[PDB]
Structures are given as C-alpha cells and as structure tokens.
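Encoded as structure tokens, the following chain is the form solved without this ligand, with no partner shown.
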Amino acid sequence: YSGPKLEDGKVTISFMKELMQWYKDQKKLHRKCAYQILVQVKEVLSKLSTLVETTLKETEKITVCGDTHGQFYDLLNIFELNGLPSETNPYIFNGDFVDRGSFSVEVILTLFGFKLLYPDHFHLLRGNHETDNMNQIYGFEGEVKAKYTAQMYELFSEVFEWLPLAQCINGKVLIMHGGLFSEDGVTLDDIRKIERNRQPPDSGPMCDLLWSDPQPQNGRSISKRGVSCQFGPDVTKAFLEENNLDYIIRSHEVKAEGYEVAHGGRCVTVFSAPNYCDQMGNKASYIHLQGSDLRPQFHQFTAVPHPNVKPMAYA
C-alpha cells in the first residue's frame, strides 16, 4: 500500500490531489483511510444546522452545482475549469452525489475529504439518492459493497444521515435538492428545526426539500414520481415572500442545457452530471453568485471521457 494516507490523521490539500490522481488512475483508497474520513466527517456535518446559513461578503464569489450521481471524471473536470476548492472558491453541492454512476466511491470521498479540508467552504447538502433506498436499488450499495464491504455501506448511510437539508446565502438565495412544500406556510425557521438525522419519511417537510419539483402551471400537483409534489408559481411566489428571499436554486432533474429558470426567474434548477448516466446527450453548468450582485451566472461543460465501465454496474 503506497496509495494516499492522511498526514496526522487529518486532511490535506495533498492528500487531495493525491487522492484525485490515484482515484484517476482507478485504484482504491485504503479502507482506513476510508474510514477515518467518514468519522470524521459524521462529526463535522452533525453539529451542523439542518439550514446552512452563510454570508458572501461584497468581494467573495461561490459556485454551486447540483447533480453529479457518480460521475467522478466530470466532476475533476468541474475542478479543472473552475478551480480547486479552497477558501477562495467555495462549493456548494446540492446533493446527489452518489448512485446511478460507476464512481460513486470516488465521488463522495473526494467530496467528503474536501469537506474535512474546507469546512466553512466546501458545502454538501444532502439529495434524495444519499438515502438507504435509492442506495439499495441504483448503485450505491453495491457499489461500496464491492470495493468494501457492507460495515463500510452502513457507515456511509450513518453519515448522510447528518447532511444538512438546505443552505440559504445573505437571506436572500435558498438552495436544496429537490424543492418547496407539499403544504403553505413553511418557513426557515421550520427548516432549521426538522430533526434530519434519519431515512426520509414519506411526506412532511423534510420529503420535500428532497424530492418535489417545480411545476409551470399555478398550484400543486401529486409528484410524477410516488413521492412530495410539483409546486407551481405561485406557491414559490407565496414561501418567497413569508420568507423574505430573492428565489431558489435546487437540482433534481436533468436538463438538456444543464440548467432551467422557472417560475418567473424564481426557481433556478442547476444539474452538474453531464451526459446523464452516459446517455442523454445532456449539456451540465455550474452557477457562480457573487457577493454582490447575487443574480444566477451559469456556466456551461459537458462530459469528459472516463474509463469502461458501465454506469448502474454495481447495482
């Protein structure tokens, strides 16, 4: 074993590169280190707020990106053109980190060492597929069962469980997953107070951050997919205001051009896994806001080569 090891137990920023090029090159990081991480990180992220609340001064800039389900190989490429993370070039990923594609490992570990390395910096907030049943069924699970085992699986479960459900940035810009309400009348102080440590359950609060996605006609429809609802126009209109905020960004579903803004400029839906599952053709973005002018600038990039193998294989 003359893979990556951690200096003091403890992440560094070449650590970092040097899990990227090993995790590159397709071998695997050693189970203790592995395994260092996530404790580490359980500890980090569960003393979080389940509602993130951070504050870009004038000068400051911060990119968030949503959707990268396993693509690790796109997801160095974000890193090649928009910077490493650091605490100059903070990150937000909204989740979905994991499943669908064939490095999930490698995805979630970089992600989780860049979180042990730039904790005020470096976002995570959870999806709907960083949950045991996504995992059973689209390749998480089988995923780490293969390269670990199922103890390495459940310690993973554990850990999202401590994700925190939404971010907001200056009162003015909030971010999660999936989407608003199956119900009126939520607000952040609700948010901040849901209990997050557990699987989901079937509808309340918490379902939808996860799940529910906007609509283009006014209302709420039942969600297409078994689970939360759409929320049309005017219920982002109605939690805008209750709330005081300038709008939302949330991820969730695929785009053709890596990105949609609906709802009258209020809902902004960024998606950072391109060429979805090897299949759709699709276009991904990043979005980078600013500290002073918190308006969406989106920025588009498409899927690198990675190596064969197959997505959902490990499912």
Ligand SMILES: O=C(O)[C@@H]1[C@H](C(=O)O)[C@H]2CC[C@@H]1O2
The other form holds:
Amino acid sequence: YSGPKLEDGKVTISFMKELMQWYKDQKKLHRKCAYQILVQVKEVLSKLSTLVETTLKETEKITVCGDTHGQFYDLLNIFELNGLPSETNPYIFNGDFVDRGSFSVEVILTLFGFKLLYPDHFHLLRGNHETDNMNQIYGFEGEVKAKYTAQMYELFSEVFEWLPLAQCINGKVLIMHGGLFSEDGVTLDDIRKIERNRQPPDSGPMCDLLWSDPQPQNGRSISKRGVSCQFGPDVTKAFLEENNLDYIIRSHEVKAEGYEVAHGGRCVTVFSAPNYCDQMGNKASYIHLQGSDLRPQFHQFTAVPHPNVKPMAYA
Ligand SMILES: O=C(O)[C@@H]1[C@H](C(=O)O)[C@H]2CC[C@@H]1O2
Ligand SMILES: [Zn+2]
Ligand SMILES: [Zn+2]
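What about the form solved in complex with this ligand, after the form solved without this ligand?
To see the whole picture, the full complex is given below, headed by that same chain.
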C-alpha cells in the first residue's frame, strides 16, 4: 500500500488532496487510516451540542449544500466550483452523504477527513440516511461490507449517531435536513436537548428534523413517506416567530433547479446531487450566506462524468 497516510496519526491538508486524487482514481484508503478517521471524528462529533450555534461575522461567508448521496465526483465538482473548505471557506453539508449513489464511502471519508482538518469551519448535520435502517437497504452497508467489513460498518453506524441535528447561524437562520415539527411550540432549546446518539424514533422532534417536508397549504398533513408530517406556511411562521428566526434551510427533496423557496421566503430547500441516481436530470445548487446579509444566494451546477458504476450497485 502506497496510498494516502496520516501524518503523525492526524489529517492534514496534503493528506486530503492525496485522498481526493486517490479516490478520483478509484482506489481505497487503507483500512487503518479509515479506522483512525472514524474513531477521531466520533470524538469530535460527540462533544458537539445537538444544535450547533455558529456566528458569522460581517466579512465571513459559509456555503450550504444539501443531499450529496454518494455522488463523489459531483462533490469534487462543488469543491472545484467553490473552492476547498478552509478556515476562510466554511461549509455545512445538510445530511444525506450516503446511500443511493455508489461512491458513498468516498464521500463520507472525504467529509469526515475535512471535519477533522477544520472542525470549527466544516459542519455536518445528520439526515434520514445516516441511519442503520436506511443503510441496510439503500446501499451504504452493502458498500462498506464490499470494501471493508461488517465491523467497519458498525463503526460508521456509531459515528453517525453523534452528528448534530440542526445548526443555527447568527440566531437568525436554522438549517436541518428534513424540516419542522409535527407539534406546535418546539423551541431551539428543546432541540439543543434532544439526546441524539441513537437511531431516531418513530415520531417526535428527532424524527421530524430528519423526515418532515413543507406543504403549500396551511395546516399539517400525514406524510406520504409514512413518518413525520408535511407542515404548511402557518407552521413555519409560528415557529420562526417564537424562536426569533428569519427562515430555515432544509434539503431532503429533489428539485429540478436544485433549490426552491417555499412559504413566502421562510422555508428554503437546497439539494446538491445533480442528475440524482443518473436519472432525474435535475440541476443541483449550494447557497452562500454572509454575515452582512444572510439572504440566500443560490449557485447552480450540473452533473459531471464519473466511473461506470451504477447507482445502488451495492444495495
Ligand atoms: O434525497 C433524496 O433524493 C431522497 C429522500 C430524502 O429523504 O432525502 C430520501 C429517501 C431517498 C433519498 O433520500
Ligand atoms: Zn432526506
Ligand atoms: Zn436524500
């Protein structure tokens, strides 16, 4: 093995560039480097609040991406389009890094590696697919067992349970993967107290944050997903009012243009997996915010070439 090696047991910026090239060429990170990343990233993530609270000063910016779904070569395209993560080019990836696409291992190890290199500026939130249920069925477990072992997979599963569930920028924008809640009256403080290091339950706030979807009409509906609900603009507006927030950003649904802004501006969807599963034909986007003006700016982009491995080949 002549592949990327950690320097003094730790991730550095040449290690990350070597890993990206290595993975682009479709090679495997040695199992012990992988293990060292996973156990160090568990340690980092387990000190985080369930709600990450970040301050963006006026000349600072942050990029928000939504679901990426094992589409590694499109992840590389985002970094070419937008620049590598760094203390001055912060990122939040809003859940759903794995499943569906067949380069989930490459995506998750690159994002974990960057979380290690810039822990105050590179942010990962849980989505509905960072879960054992989902991974068993949709590709990730099959992929970790083909490339590594059942054991390495259990370690992934445990790391995911410590990924924070939401992030609030400047007490004004809150970002979560799914959306808002199936009961009124939830506060940021309640979110901060969810004990997140578990598989999600069937109902309740932790389930809503990973699973819920906005609807255009006022009220709440039973979800067609079979879990959580659909929340209308009256839901968003009461939630934003009680918590003193401006709007939320979520992901969790494919959009033709890569973004949508529902609820009169209050509920934004960002989706970062272009030509999702090699089929949907959609565009993707990411959002920039800056401290002096937190309104979202969307940047769209389309799929790039990748190796001939079919989506879900590992399911
Ligand atoms: O992100 C998607 O395209 C889908 C839905 C989502 O919940 O985010 C979910 C189920 C399969 C995919 O992940
Ligand atoms: Zn989702
Ligand atoms: Zn998804």
